[PDB]
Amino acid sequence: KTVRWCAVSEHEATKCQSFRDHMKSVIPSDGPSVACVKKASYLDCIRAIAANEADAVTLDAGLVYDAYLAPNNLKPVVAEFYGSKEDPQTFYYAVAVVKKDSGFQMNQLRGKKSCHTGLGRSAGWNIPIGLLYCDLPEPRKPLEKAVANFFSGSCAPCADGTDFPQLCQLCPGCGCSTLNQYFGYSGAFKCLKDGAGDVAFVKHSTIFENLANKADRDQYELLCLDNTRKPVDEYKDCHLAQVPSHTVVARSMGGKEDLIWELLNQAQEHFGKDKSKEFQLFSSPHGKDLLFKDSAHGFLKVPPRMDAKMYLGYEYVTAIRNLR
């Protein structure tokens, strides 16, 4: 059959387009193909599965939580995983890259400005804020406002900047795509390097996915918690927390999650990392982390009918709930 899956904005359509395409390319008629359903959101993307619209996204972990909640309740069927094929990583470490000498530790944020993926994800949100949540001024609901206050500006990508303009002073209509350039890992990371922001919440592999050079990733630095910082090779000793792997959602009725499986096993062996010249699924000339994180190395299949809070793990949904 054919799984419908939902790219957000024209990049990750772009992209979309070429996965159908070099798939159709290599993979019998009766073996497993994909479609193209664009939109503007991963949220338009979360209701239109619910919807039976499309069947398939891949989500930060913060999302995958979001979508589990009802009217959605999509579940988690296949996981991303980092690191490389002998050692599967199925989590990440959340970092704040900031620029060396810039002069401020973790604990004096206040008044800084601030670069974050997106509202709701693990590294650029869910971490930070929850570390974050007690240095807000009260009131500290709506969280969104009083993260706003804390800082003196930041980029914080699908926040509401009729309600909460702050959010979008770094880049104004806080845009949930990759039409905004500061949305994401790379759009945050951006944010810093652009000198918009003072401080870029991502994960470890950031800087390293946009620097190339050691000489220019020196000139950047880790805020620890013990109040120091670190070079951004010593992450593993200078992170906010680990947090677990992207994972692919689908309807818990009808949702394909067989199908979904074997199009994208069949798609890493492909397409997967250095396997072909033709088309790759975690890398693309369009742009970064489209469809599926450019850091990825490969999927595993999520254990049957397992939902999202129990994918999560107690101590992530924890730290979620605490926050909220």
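Residue numbers count along the first chain shown, from 1. First, how it differs from the form deposited in another entry.
Two rigid parts of the chain rotate against each other between the two forms, and of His297, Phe91, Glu144, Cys224 the one at the hinge is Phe91.
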Second form
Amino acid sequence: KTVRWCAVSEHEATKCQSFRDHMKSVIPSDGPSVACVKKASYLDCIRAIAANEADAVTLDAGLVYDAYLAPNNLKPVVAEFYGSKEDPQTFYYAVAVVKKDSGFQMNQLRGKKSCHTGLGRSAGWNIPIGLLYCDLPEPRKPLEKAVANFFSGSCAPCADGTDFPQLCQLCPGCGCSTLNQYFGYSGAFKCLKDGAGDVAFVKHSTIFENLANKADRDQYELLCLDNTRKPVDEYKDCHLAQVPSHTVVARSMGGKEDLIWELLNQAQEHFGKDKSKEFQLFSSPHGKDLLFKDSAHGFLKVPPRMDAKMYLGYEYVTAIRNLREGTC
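May I ask for the structure of the form deposited in another entry now, the form deposited in one PDB entry having been displayed?
Left out here are the partners and the other molecules; the chain alone remains.
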């Protein structure tokens, strides 16, 4: 009945010990219980779990990918959802928004200008650049220069514009802060709305956050991997990658997922959003996003026998592998 959670820092351990202590204060010992393990990094927790030294850890998508790999063979078991119970979000979609009828598809991106949320961000850089990897003109290493060589001018916040200036052409300096009008989520969208670039690599919610009505959203379009375009509302059938926000992983064999979901469900019921004032699962006096993201609403039980690469999606896996392996 004891689930050994892995923390990757001292605040997470403290929060874990407190979570544990409150759970004991509300459940019959025949119920699920927490044990707090403390590691130095997500990868050290992944290894501990595989090594039967811990049972569960919640991770972002790239780490879910790593945990899956051998010798780890960890698998997704529970997800954090957001938004609502009716319409619970567990994923975000990396999309490629463009101006209506700007006459080019995903496979025709070479020679256009790009707006990225920031270099190194998943939806804004990793996912799209990973997907386009082999389209980039060689020499492909260093990647920054190749990207600069693929687009006629870009805005890649946090890029080394001293060495690859073309990357800041749309935002001189590639300022890695909001001091740069083209930084982050709204920044990249503004870059395209302003007509500075042809395409904006952002997540689906971004355009909805920046545009009032359908009419507004209708001057825009999304590029689909099948080299066709579709309305922005259709992002679910037209995205670069469907990415899980935060996923709990456990050993594929002997992971105790059964008990893990029990603890987490009984956890959400007892101290989920609004449920408790003595203990809050999605906050902590000790820090932001300790163990679970603070913006989480609860958990959903992930589909039975859900292989990681299936949970991540063929595209995401392709992107990561391209960026890691550089094989073409």
